[PDB]
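Engineer: Listed here are the chains, written in short residue letters.
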Amino acid sequence: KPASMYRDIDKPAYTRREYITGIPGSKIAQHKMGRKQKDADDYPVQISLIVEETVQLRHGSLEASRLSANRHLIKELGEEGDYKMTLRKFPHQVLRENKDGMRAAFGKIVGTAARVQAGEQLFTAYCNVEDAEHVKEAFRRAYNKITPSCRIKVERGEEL
Amino acid sequence: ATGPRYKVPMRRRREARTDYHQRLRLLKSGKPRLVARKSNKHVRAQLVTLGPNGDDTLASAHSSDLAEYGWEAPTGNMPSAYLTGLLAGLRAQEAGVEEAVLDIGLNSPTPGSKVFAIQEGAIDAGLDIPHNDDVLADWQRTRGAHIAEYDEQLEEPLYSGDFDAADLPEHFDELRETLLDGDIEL
Amino acid sequence: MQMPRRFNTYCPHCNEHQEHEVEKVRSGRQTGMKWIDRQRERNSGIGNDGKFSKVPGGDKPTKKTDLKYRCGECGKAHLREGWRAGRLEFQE
Amino acid sequence: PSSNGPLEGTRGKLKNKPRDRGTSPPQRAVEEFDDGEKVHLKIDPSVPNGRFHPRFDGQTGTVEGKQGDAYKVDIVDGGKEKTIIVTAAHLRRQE
Amino acid sequence: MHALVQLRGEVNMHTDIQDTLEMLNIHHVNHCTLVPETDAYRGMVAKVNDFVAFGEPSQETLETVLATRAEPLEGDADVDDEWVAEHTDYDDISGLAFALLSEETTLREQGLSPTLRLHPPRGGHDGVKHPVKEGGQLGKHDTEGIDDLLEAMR
RNA sequence: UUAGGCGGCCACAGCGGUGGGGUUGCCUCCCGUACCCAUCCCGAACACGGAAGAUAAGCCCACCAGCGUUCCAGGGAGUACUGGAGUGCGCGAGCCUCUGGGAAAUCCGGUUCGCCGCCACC
RNA sequence: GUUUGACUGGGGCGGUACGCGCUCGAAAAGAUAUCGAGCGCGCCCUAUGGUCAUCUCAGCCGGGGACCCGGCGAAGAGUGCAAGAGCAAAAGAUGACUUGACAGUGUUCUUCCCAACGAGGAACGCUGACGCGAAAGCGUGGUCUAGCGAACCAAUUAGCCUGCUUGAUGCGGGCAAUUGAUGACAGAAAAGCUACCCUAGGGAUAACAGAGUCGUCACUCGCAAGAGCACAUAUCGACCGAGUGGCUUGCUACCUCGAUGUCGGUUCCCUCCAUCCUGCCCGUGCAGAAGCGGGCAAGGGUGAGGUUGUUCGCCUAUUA
RNA sequence: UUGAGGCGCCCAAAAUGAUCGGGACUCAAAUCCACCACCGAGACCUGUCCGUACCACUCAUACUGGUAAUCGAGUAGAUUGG
RNA sequence: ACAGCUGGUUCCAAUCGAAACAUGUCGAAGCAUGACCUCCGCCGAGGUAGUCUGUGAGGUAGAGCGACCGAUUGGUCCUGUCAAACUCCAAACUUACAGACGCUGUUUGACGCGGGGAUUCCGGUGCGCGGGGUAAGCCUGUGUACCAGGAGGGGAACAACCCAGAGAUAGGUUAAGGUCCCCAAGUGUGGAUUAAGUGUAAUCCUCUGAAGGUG
Ligand SMILES: COC(=O)C[C@](O)(CCCC(C)(C)O)C(=O)O[C@@H]1C(OC)=C[C@]23CCCN2CCc2cc4c(cc2[C@H]13)OCO4
Ligand SMILES: [Cl-]
Ligand SMILES: [Cl-]
Ligand SMILES: [Cl-]
Ligand SMILES: [Cl-]
Ligand SMILES: [Cl-]
Ligand SMILES: [Cl-]
Ligand SMILES: [K+]
Ligand SMILES: [Mg+2]
Ligand SMILES: [Mg+2]
Ligand SMILES: [Mg+2]
Ligand SMILES: [Mg+2]
Ligand SMILES: [Mg+2]
Ligand SMILES: [Mg+2]
Ligand SMILES: [Mg+2]
Ligand SMILES: [Mg+2]
Ligand SMILES: [Mg+2]
Ligand SMILES: [Mg+2]
Ligand SMILES: [Mg+2]
Ligand SMILES: [Mg+2]
Ligand SMILES: [Mg+2]
Ligand SMILES: [Mg+2]
Ligand SMILES: [Mg+2]
Ligand SMILES: [Mg+2]
Ligand SMILES: [Mg+2]
Ligand SMILES: [Mg+2]
Ligand SMILES: [Mg+2]
Ligand SMILES: [Mg+2]
Ligand SMILES: [Mg+2]
Ligand SMILES: [Mg+2]
Ligand SMILES: [Mg+2]
Ligand code: NA
Ligand code: NA
Ligand code: NA
Ligand code: NA
Ligand code: NA
Ligand code: NA
Ligand code: NA
Ligand code: NA
Ligand code: NA
Ligand code: NA
Ligand code: NA
Ligand code: NA
Ligand code: NA
Ligand code: NA
Ligand code: NA
Ligand code: NA
Ligand code: NA
Ligand code: NA
Ligand code: NA
Ligand code: NA
Ligand code: NA
Ligand SMILES: [Sr+2]
Ligand SMILES: [Sr+2]
Ligand SMILES: [Sr+2]
Ligand SMILES: [Sr+2]
Ligand SMILES: [Sr+2]
Ligand SMILES: [Sr+2]
Ligand SMILES: [Sr+2]
Ligand SMILES: [Sr+2]
Ligand SMILES: [Sr+2]
Ligand SMILES: [Sr+2]
Ligand SMILES: [Sr+2]
Ligand SMILES: [Sr+2]
Ligand SMILES: [Sr+2]
Ligand SMILES: [Sr+2]
Ligand SMILES: [Sr+2]
Ligand SMILES: [Sr+2]
Ligand SMILES: [Sr+2]
Ligand SMILES: [Sr+2]
Ligand SMILES: [Sr+2]
Ligand SMILES: [Sr+2]
Ligand SMILES: [Sr+2]
Ligand SMILES: [Sr+2]
Ligand SMILES: [Sr+2]
Ligand SMILES: [Sr+2]
Numbered sequence: 004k005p006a007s008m009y010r011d012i013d014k015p016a017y018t019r020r021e022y023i024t025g026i027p028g029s030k031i032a033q034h035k036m037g038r039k040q041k042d043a044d045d046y047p048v049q050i051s052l053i054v055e056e057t058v059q060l061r062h063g064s065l066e067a068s069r070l071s072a073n074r075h076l077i078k079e080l081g082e083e084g085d086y087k088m089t090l091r092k093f094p095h096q097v098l099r100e101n102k114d115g116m117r118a119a120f121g122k123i124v125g126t127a128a129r130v131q132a133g134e135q136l137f138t139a140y141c142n143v144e145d146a147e148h149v150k151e152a153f154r155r156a157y158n159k160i161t162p163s164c165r166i167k168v169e170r171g172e173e174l
Numbered sequence: 001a002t003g004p005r006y007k008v009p010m011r012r013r014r015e016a017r018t019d020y021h022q023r024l025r026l027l028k029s030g031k032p033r034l035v036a037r038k039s040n041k042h043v044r045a046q047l048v049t050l051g052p053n054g055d056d057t058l059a060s061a062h063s064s065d066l067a068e069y070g071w072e073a074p075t076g077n078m079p080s081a082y083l084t085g086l087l088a089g090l091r092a093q094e095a096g097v098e099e100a101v102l103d104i105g106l107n108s109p110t111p112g113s114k115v116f117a118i119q120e121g122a123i124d125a126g127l128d129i130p131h132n133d134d135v136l137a138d139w140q141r142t143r144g145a146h147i148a149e150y151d152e153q154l155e156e157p158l159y160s161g162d163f164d165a166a167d168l169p170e171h172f173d174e175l176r177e178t179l180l181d182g183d184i185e186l
Numbered sequence: 001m002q003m004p005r006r007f008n009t010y011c012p013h014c015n016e017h018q019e020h021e022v023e024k025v026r027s028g029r030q031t032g033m034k035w036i037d038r039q040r041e042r043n044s045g046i047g048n049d050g051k052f053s054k055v056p057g058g059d060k061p062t063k064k065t066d067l068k069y070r071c072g073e074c075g076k077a078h079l080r081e082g083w084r085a086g087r088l089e090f091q092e
Numbered sequence: 001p002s003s004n005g006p007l008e009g010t011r012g013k014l015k016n017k018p019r020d021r022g023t024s025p026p027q028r029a030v031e032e033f034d035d036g037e038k039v040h041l042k043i044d045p046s047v048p049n050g051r052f053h054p055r056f057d058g059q060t061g062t063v064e065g066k067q068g069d070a071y072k073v074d075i076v077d078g079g080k081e082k083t084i085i086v087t088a089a090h091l092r093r094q095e
Numbered sequence: 001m002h003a004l005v006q007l008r009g010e011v012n013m014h015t016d017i018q019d020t021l022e023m024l025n026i027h028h029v030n031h032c033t034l035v036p037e038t039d040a041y042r043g044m045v046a047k048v049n050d051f052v053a054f055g056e057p058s059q060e061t062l063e064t065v066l067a068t069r070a071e072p073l074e075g076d077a078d079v080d081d082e083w084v085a086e087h088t089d090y091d092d093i094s095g096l097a098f099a100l101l102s103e104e105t106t107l108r109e110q111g112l113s114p115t116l117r118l119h120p121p122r123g124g125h126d127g128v129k130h131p132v133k134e135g136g137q138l139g140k141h142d143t144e145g146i147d148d149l150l151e152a153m154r
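Protein chains in written order, with PDB author numbering: chain H, 4 to 102, 114 to 174; chain N, 1 to 186; chain 3, 1 to 92; chain Q, 1 to 95; chain W, 1 to 154.
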């Protein structure tokens, strides 16, 4: 199904699992990547992926953008490299689909999406100075797999 | 105490001094309350009405101000209790109070007890208080005949301070006589 | 539900509280001499009889209590408002 | 509404804030009001008896007598005049 | 004391806003009223802010406007110095204009219509779709700004 | 109020903590069961009778802020949201300007370890 | 001779949003719809009702998942049943007593916001008689909001009124009220077929077509994992993301029901490009030949046949 | 070397004849920031008249005088004079 | 014959001027009772469409959750997220009553009461807030203004977008919008950008243009 059906915040917040049954599991395998034993303050460089438009990003898009981002970091910095990436948004919004015409139209549960407001950090990676251009490329691949245009903003790093 | 949602009881409930449920049922009558309170050594009797910023006492009587009329005897007993009620009731009649309802507070409604004696005294003074005759003590126990027949089992004296030996409940009679007389300074 | 056969309650006849006996209202037999019985005979001819061609309707899932409260001293009965009870059994 | 009972949509107004929980103080339950007095109508969640229909929460009526211990308070619902039977526990004096 | 002028018509205007204008004695477009600066009156102009033009006028401008557009409570009659002398508590238009600005009296209290029925703006106004800060003619004006408007509506 | 009783508001009063206070006075703990009364068993409690002892409890007085709570300052924030208006911007979801209102979290610093009423009383 | 209901993104089938209660939807007063989301009621209880006395619960800790002692413990226990709400010297628990789950008659609110409408319901009074308690007081059933039913007729309860000139007897008529059901729940006693059909109307409403939409369908683009002996990008290409079209399908019910003739085919004309051939090009896993992929390009061409009504499709021989 | 902003470019395929209403326009006849002067309703201001309402006078609802910034659009429908 | 269904129902003018909603209905193409419109009589001094202040009611937006509740990360306290049916908090705002100002009423009698007559119970659209639906010139709410039943001016045309609410006639000045021609008014002024005919398109079924890319 296209994202055109779910990308906008046009419906109420539908998260309450005590009233909703049959919710498909999240396709997101990991949320804490790289070296999850080390601290975020132990790194000199902190670069985040900032979403420019207020959207709803599905669990399938989150997994696709996370996979294409972390796979590049595993390719360039190694499987046990000196970095740590975080996906801070979780898919709370439960999604429906009306799949009888418009009669009894309340749709059955088909998926989950993450409500991300404009200006928010979806991804945040902490790396060293020499690995900074490899992570900007991981985010360049990650923004092509989500709905809005994005900013790759450097938060802690006057090393240029 | 634990957090924002914690419910701390009302102050007089926290202190375990006022039974708020009994208080409402008491205040429903519209009549002033005959507050009958006790202590180990003394007995109190107040005529309380309802006020805007708190309760208003119109006429009180403690068993300590009983000696002012000629009571050389102890203050935490049955004869003392009646006389403290009679003294409160008479001061009430001079204040314009005609009727009342008995408030015993956290004390027990035990038949023949001191709080019912405080009530019998206040009724005898001229106050109209809703009562029950068979819940009150027999006239002789109110006199202190139970204390005199306890002094009959002597060997060792009951009272330490010198008042008398075999005890005089005739002092009760000599006190009710003084209070029933209208010439008295209240 | 359970109901006491004998109990103290108000008597509207004696104007005071007395011990009443509870009994279920037994259906009194029909005479067949009332106006409606005479109308059934008169208004019935060839074809449909209108109201007299109708057959008795259904039942409610639970009926109300149909009781008689008989006074112990004066011996007179009174009726009360019934309440929905699936079964009504008496105690003693 | 899904149902048209008296306590429909009254989760908010007939519930207390956790600190205002428990039995209410007797002083306001025995308060005496005179005829002509303007009184605010608000149900005390802790007091079960002597309540009015929740639709009238927030009204400022005029005491026009009493029925037993409860009061007869005159209000104007929209354009219609109504007389409400209400105890002091659910009333507060204006000003 | 502020000078209110209606610049936007009644059609599609909220009823509670149209009713406020009618309470402020202003029933037609280009009609002006002299409103005192009180708490009650401040709430009223704030409600009408988007369909009006207001501000404190100068003694000079108010005098010009009263001379040309003031009318009695009933009738055609010119409100000149001689009229003001014979019917008001003042000597000339200046004495009336001063009292109004200092909030000592009102036009009605002095036997005049509360409405100053102005002429359309000569050379036109700055527009009825934008406020003063955006280059339009709606809302609060400067004393120099309201004067230009009232003088153009002689 | 050199310790009491009845209260109003019902945490600004809660939780926790330190120090001080009682010869015929007060409140207590305390001492004791012939009685009124009492325990589905216990004078523990309730009830009654009483002063050998005590200030250790409670209670009353003075005080501490670590937790909870109330209010205030400054910061967050005139931000978030928002009533009225617009031939303002945006493909659009949406945003912006003008006008009238205006948070919450949190951080720092203050406040708060009850206030008030009636009565009685060296 | 009649009946065979209504609701409904046309109708039927399904369902009941056909009488009721709760939360949310509902936009912080009130009111508020959809075949809106979550889910209930058509009872049950003589105590599971009423009062009074005594008392404090979940859970956890410590000492001897039954029991016992102590401590912490405002409430997470319990309170018949949905949900939301109320309750701690109680509205909960235990114990004892008790029958107010009483008769009669009202006021008011609700039902039905505003704003008329019945039955039903609730709150709050009075009169009578009672229960409990020392008493104030509490008890008009269950802590609150669901558990309900007209007229006619019958049965039943207590007293009384009345039946044609009159008295007696029988048997009737009535005033007040209880019980018996109509769930299509403000109450008819009630099954279907019609392509043999008929009438009134409707584009208030379906089938074809138009129109809107674009999930579906077709086509494209971004990113490029992957494989392609090594090599992402000769070639193939997942996930995900962004779109264009208006050929498929679906949705809607705007237009036409006083009719805009339904599929397929044929014949004749015009057009579109997302190009199958033909012209000119770029790349190649381009030796050549034959290909694969891509670009410009709509001038012209794109044919004959076997099954099938077929569109579609399968098949044959020809063909640039 | 890197950051930000403005306008534009690529992405961008449809059926009888292309389009911003057309012509056409390029230091504009575009866009953005300011500014100047004008054109332009039945609105607003103004002369006269009409109706309606009300006021004064009146038997009058006949004249006459006065007031309306706060009267003058209207389907179904109610009312009234001709 | 009956029909709750379609069609038609003939002269002029003046005043006021709807409802397309609620309750019940074998009711949904119909009625009744309310709402609302109009007319008459009564009453006789207040009224309340706006604002301000005071005394009250409220849990939506937002926010937050070692504040309940239930969702929802990882590490050896720290670290990562949420809620239509959560709330330690909390607006704007809506709302009861009262006072004040405003407006209105006491010959135009308001507020209110009683009575006669209706029409109406297919609505639509814009905007704000919604709920369903991929969406819709979709379906279904709500507040409001409008079309319906609203002329005239502008928008190429075009019910509801902008100006504007309108007796006749006449002069004048503006509004929206516009001033190169068609076409009334500028080939106006100061300055800058754009080379694509971008653009010369407020709103929109109607005016597209996206992610991505651009020495
Ligand atoms: C169900 O199909 C029909 O009933 C065909 C016909 O009966 C043909 C009528 C021909 C006449 C008699 C009018 O000459 C008819 O009235 O058609 C309508 C009709 O008759 C005028 C025309 C309609 C109306 C919309 C356009 N469409 C074209 C023809 C048609 C074809 C259909 C159709 C409807 C229409 C209607 O159902 C699917 O096939
Ligand atoms: Cl005591
Ligand atoms: Cl029975
Ligand atoms: Cl009520
Ligand atoms: Cl005429
Ligand atoms: Cl108008
Ligand atoms: Cl061109
Ligand atoms: K047709
Ligand atoms: Mg709510
Ligand atoms: Mg005038
Ligand atoms: Mg001009
Ligand atoms: Mg202009
Ligand atoms: Mg000490
Ligand atoms: Mg736009
Ligand atoms: Mg049907
Ligand atoms: Mg509401
Ligand atoms: Mg019948
Ligand atoms: Mg029967
Ligand atoms: Mg019905
Ligand atoms: Mg009904
Ligand atoms: Mg036919
Ligand atoms: Mg149609
Ligand atoms: Mg034809
Ligand atoms: Mg091509
Ligand atoms: Mg060709
Ligand atoms: Mg006519
Ligand atoms: Mg006329
Ligand atoms: Mg929110
Ligand atoms: Mg119409
Ligand atoms: Mg010209
Ligand atoms: Mg163009
Ligand atoms: Na179906
Ligand atoms: Na006959
Ligand atoms: Na309370
Ligand atoms: Na001590
Ligand atoms: Na039927
Ligand atoms: Na009723
Ligand atoms: Na289609
Ligand atoms: Na498309
Ligand atoms: Na054909
Ligand atoms: Na070609
Ligand atoms: Na073939
Ligand atoms: Na008309
Ligand atoms: Na018929
Ligand atoms: Na109907
Ligand atoms: Na019909
Ligand atoms: Na006034
Ligand atoms: Na919002
Ligand atoms: Na309708
Ligand atoms: Na209109
Ligand atoms: Na036009
Ligand atoms: Na062009
Ligand atoms: Sr939506
Ligand atoms: Sr993107
Ligand atoms: Sr016969
Ligand atoms: Sr027969
Ligand atoms: Sr049945
Ligand atoms: Sr002892
Ligand atoms: Sr557009
Ligand atoms: Sr788009
Ligand atoms: Sr401010
Ligand atoms: Sr269908
Ligand atoms: Sr009850
Ligand atoms: Sr059948
Ligand atoms: Sr056949
Ligand atoms: Sr082409
Ligand atoms: Sr070719
Ligand atoms: Sr076909
Ligand atoms: Sr086939
Ligand atoms: Sr006219
Ligand atoms: Sr007219
Ligand atoms: Sr609201
Ligand atoms: Sr020029
Ligand atoms: Sr220029
Ligand atoms: Sr079109
Ligand atoms: Sr772009």
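No lab work stands behind these hints, which were simulated from the structure alone. Treat each hint with caution, since some may be false.
[As the list claims (entries may be wrong)] Pair ranges (Cβ atoms, derived): (1) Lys-35 (chain H) <-> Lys-42 (chain Q): 49 to 59 Å; (2) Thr-18 (chain N) <-> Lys-42 (chain Q): 17 to 27 Å; (3) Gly-43 (chain W) <-> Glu-81 (chain 3): 52 to 62 Å; (4) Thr-18 (chain N) <-> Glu-81 (chain 3): 56 to 66 Å; (5) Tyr-10 (chain 3) <-> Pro-130 (chain N): 55 to 65 Å.
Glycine is no exception: its CB is placed at the ideal position from the N, C-alpha and C atoms.
Engineer: If a hint holds in the structure, say so; if it doesn't, say that too.
Structural biologist: Taking the hints in turn, this is what the structure says about them:
no.	hint	verdict
1	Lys-35 (chain H) <-> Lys-42 (chain Q): 49 to 59 Å	holds, 52 Å
2	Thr-18 (chain N) <-> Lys-42 (chain Q): 17 to 27 Å	holds, 25 Å
3	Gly-43 (chain W) <-> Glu-81 (chain 3): 52 to 62 Å	holds, 60 Å
4	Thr-18 (chain N) <-> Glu-81 (chain 3): 56 to 66 Å	violated, 43 Å
5	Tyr-10 (chain 3) <-> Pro-130 (chain N): 55 to 65 Å	violated, 26 Å
In summary, the structure is inconsistent with hints 4, 5 from the numbered list given earlier, while agreeing with the others.
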